[PDB]
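S.K.: Here is what each chain is made of, one letter per residue.
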Amino acid sequence: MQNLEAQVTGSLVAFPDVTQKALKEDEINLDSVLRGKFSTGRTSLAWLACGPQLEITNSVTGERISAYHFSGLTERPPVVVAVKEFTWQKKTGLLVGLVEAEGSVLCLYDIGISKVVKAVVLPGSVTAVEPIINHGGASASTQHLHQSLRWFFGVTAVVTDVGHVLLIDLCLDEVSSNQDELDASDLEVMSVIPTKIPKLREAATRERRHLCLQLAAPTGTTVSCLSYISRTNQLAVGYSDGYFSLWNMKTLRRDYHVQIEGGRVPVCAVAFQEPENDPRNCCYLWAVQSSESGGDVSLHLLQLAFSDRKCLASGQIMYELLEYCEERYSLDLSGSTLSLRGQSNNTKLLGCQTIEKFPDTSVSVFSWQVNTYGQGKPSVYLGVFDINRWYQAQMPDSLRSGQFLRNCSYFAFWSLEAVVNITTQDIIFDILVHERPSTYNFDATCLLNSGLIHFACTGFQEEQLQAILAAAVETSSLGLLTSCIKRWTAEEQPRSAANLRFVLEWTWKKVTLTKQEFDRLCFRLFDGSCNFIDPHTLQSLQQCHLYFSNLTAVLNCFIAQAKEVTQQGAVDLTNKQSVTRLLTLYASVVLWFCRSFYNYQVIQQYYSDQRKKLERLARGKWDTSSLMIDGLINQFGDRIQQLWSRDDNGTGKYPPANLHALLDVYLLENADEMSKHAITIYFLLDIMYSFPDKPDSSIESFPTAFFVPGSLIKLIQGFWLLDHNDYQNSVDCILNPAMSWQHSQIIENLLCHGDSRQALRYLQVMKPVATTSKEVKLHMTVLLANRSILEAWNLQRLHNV
Amino acid sequence: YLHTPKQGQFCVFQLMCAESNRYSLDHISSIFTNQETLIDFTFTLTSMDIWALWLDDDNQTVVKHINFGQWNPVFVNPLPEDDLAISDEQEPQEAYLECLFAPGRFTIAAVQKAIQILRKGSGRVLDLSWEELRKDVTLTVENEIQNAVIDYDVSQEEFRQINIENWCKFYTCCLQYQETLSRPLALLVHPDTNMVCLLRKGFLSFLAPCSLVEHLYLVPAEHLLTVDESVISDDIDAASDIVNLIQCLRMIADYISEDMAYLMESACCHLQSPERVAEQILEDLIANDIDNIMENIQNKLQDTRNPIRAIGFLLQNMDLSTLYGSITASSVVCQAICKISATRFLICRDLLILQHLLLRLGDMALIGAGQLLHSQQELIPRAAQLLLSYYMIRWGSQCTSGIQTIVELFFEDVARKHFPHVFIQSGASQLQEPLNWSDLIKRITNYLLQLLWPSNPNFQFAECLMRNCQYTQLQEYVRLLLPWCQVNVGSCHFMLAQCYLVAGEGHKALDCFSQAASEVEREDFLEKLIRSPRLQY
Amino acid sequence: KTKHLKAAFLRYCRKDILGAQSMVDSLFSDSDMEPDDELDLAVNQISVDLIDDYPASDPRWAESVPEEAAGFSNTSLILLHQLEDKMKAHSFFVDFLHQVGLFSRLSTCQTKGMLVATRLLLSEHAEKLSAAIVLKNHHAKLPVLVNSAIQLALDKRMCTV
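Protein sequence lines correspond, in order, to chains n, e and p. Numbering (the authors' numbering) for the first sequence: 1 to 358, 374 to 451, 470 to 493, 539 to 674, 691 to 832, 837 to 897, 902 to 903. Numbering (the authors' numbering) for the second sequence: 360 to 427, 433 to 683, 701 to 780, 813 to 944, 952 to 957. Each residue of the third sequence is one higher than the last, beginning at 505 in the authors' numbering.
Just to be clear, a hint being listed does not mean it is correct.
Claimed, not checked - Once the Cα atoms are required to be at most 25 Å apart in a straight line, the calculated DSS-like pairs of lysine-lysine come out as:
| id | chain 1 | residue 1 | chain 2 | residue 2 |
| --- | --- | --- | --- | --- |
| 1 | n | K593 | n | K770 |
| 2 | n | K115 | e | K365 |
| 3 | n | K808 | e | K921 |
| 4 | n | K348 | n | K37 |
| 5 | e | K484 | n | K24 |
| 6 | n | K875 | n | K865 |
| 7 | n | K707 | n | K587 |
| 8 | p | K616 | p | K645 |
| 9 | n | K357 | n | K392 |
| 10 | e | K477 | e | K499 |
| 11 | n | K21 | n | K37 |
| 12 | n | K115 | e | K423 |
| 13 | n | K196 | n | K115 |
| 14 | n | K707 | n | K872 |
| 15 | p | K616 | p | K632 |
| 16 | e | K365 | n | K90 |
| 17 | n | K21 | n | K91 |
| 18 | e | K664 | n | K357 |
| 19 | n | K564 | n | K707 |
| 20 | e | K565 | n | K21 |
| 21 | e | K499 | e | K484 |
| 22 | n | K310 | n | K357 |
| 23 | n | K707 | n | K654 |
| 24 | e | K477 | e | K565 |
| 25 | n | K91 | e | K423 |
| 26 | n | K865 | e | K423 |
| 27 | n | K115 | n | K24 |
Stated by the list, open to error - Using C-beta positions, here's what the derived DEER-type ranges look like:
| id | chain 1 | residue 1 | chain 2 | residue 2 | range |
| --- | --- | --- | --- | --- | --- |
| 28 | n | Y324 | e | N652 | 58 to 68 Å |
| 29 | n | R579 | p | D589 | 28 to 38 Å |
| 30 | n | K91 | e | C370 | 19 to 29 Å |
| 31 | e | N418 | n | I28 | 52 to 62 Å |
| 32 | e | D452 | n | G606 | 20 to 30 Å |
| 33 | n | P803 | e | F465 | 18 to 28 Å |
To be clear, the hints were calculated from the coordinates, so they are not data collected in a lab. In this text, a Cβ means the ideal position worked out from N, Cα and C, and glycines have one as well.
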């Protein structure tokens, strides 16, 4: 935990030469301070301002999107003091506060046309601007505002150097007014909330005036920060004397007003956090105190408790009726332990951001710069506070004595020294963390005077090697293991042979241990002790399957790289691979049977009576001692008969005594996978036929889940229908365009039942090769039974005469 | 347009006349450009767009439009690749001939000019047919090789080296002429019809509107972050998921080696399972993950709320007869089909590999019974009805004094005759609706994809091939179609039976005719022969 | 020192492939000492220490050049052919001294009661006792392999892996 460091992910992305020239032209006016910030909206914008110049860049590419040079009424150019993103009527723009020698102007700048579209003259020098709402009218979306403000069309809060708090109507319903900063509208300032706002608004609009509600009278104290908290419906107003106030936009009343514990230091920023679980509807507001001249930076966490929590028609949650607001955590950034000896440090806040995931995750990011007198390079830091971890830490009020930020359970800290080492001449304006605690990983962008820089903040001998190899098999990082095997097989060093042997012996030991655990899990599935699979045992079975697959891939890599293995070692490796592959297949099928009622007695009685029916019909004329399923099972020889006789009530014949005896067919060596799926499909058809009354059975997913060809599906359906006495649909399935013993048995069965015409049709279409004297006699009998004497006679001459 | 050394600027003005005959400009808009060099621009009052044509720093052709600060891209065709990858199993000659004579691959004028120079000779170039031109190239390069072999005892290796050096030299010569003919002209925009044409030095290109799926896949990663999510879907979250999915597809696309792209295309041709091959490619991508890309794809997939809905949206959006009867119109339309089918084949391959990764990562949980049963049946049915269908469509797309493709031939002889019906069925019972290019080309191309896509009972391209001198191509077309397309299966077996009858393989022909007889139910072609069914057959 | 022997052992590695580089690392080995009586007996104890690693296991010149030196598996049953490869490796080693080296240096002195005129007798002596090894590898039968297992266990213990 002692040094989390940011890693630079790209080169400096320089701004276009035109943007750099435009920002430098006004450095000739010794009073013009270059400013820049990221926009808090979804539009991925950054803005830079120097005197009257405004530059808008892409927050990722640094490309110039838009720019403007503001004109003033006086020979002195206006200064861009405040900039906020504002989206209205499907347009994207900025609210811009201009300070002039004799006043200030609020401009609405449309980025899409790169022009001012509305301008309003302000009573005093503007210090901050904040949009409250981007539309007007009697909508459900405006119901959280005071009835007065619902008559406005776009509402912006504006604050001044003398302590005014003004709520301005943007008149966004007036499509006919294109105003520039020079043709700015006058403001009709109302000190008392009127009952007849519609008539006053219509009068103001007719006079080309904007309507304004004054919340605060000029106190003579500068407002240093302004923010609208949509979740509490409160306007947060911070003062240069360290006072802080909350104004409720529903009631237009000041709900809270206090001096923050850091004393007479300006409140420069605020950041809202919501906890995952609070029993009393508490939310949190950071208030940051910082001096503009350089000085002490302190972070103050205000707890806001509310009596009620309303879901708006938008699904957004609104806290109502503030009960109390109290300071609950303080952190001095300037006082913390980095100064060995009383050097005057100048500390500056760079950025303050909140990131919330739906919140299950609520984090506040603070970025700050420390300039130590006599060090030419600034130290830049990024701190992440997690409110849910602070709750878990039992809501400490400060860092405990002997705790450092570097070892906090609810605060994480990154050094940006790698960024500073590339940016040795550049001024860092702001730092954006990309929304999309020492264990967090995130990407971020710094805003510079020259351009942008991207960086990533990463989060924090044989037995050690076995633990790493286990982690690589457990995370499916097979590319690591296969690359190590390929290199140790290419490096003819005596240490490489020992490593390859160790990994092979370890791989086989891990297969053996995974099998013991898999058997321990499977034992409960078959013994009838389990009525329901817990999600945990299902996940453990999935994990065992993944491990067998991952270990099979490692063994296949050994087989592929093994050019110089002893004949014994090649056989042993092929046997180990064959075993692990069969275990992978068995685990996959067991897991599928878990993810997906079998009446043994009913199906066994049916197949016992069909075998007896066939024996009676054959009259010893035909070798029809077996059903089509019995012929499919006989391809595996006595192995399935031994497997299905193992369990209590096992006849060694179809159907299997229980589902365990069916699934154990997948563990048979040297059997084709498609032949195993064929027995399972034939079995699933018997179950489906036993339950006609539910069309949406998950059983139909089997052929899709195991990539069974539609060709084999139709063939097995054809065999199933044959054993079910549906000979027409059986032959239609088997003859669909999509073995030697089966030909004889189909023909003998059709002849035993007297359907010589279907036996002839089958013989004419399929043309089975008669190799044995028995097959030739069978084919002669089909031809004679259909009165085809000449064909039977020619067949006799052709084949034994 | 105001050219400056650091940055270009467009300005749009309206002319105003006051009662005193005093004129002024009213300022409508100002638009900045990058360091690209402007070749031409126009603007339309019907669409209020500025259309502009540039070259970048690498001299590639850049076209963009803007309603009068973001320029909309035009996906201009790249030049052919500098190196041709030749497999150890492919004859070098066949590979290079296929590339050179591929539709839209090259212009005759360049090849005829390279031959003219190699021959050192003032021969009047006859308007040679393309087959004549191919024979003519072959004989010309063989003669240069025979001249380079000085000794009677050249080793096989030294002979192969000499062969490569001589064909390389001919190829580089064709390249220099093609570069010269490819040089950028200007833009033509029709005011009333909105037809946009790119005038290049050697040929005319038409700009057609791109479909939404192709737009999102092809746009650069930096511009993909500024797409108006409202156009993708009325649902902002579905729009964002589609955007994140498309970003993951592109991170795969950017790390697929040529060996891996070939392994997939080979698998389609050899009728191997594209799914197993997508899995092998994914194993090799993971064994070679030096840049932790698998970690970055994993991180963006974690930002996607519903990757499967976004996958399903992509798969669904991918699923007057005398007029436009020209060969240029036929080729442009059929090249649109080839590029659409190739892009969508890659999307479907990467989507299958991603779907297998999503299965291996999904085990980040217990399988779950309800989730297990529902997911297995639904996903497997949808997927089977998905990847196999996409592969079949790609195979179909891959399948007259002018050079025509087999798709252009099918369009002219069969598909076009049905267009008056497609036009009437759409409710256009008012003969008074004006022809719209965008609507009509989209409908024609979708209807042609359904006919080519083995989803129509037309039963005609294969029959035409059987009754035509060519048969081979018809066997290969039916081979590539039959495993995954269930439309016209009987008609495919009938066509294949005719091909086997002409090849002298009469027993295979009889088996195929017998299989075709089963689609005899509700069959018109067999009913026309009659105007027991097995005995008649 | 150990660095010099391990630089000649790396120039023999390249001598199997090409001579030009290894001839400049013998020309830079005329930035030697040059007093006959013991420093030429200090490149002697280098040529001798490599003629003791070429009869040993995989010789420490191997790795960079994977000639006939290569770390042959000690779990192989290819013991005789593996030691034929080492009489060839010690033969191209005497040749890649004769062309660029060992035209001096002779520290045999006294070893195990034997007096020997010249270090170059130790190359001949390590060759004669690498012909002895192949001869008793050619004759492998249960009495001799028992008499061997007793000898080896008397000199030291054996690894039972």
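S.K.: Please flag the earlier hints that this structure goes against, numbers listed from lowest up.
M.R.: 5, 7, 8, 9, 13, 16, 17, 19, 20, 23, 26, 29, 31, 32, 33
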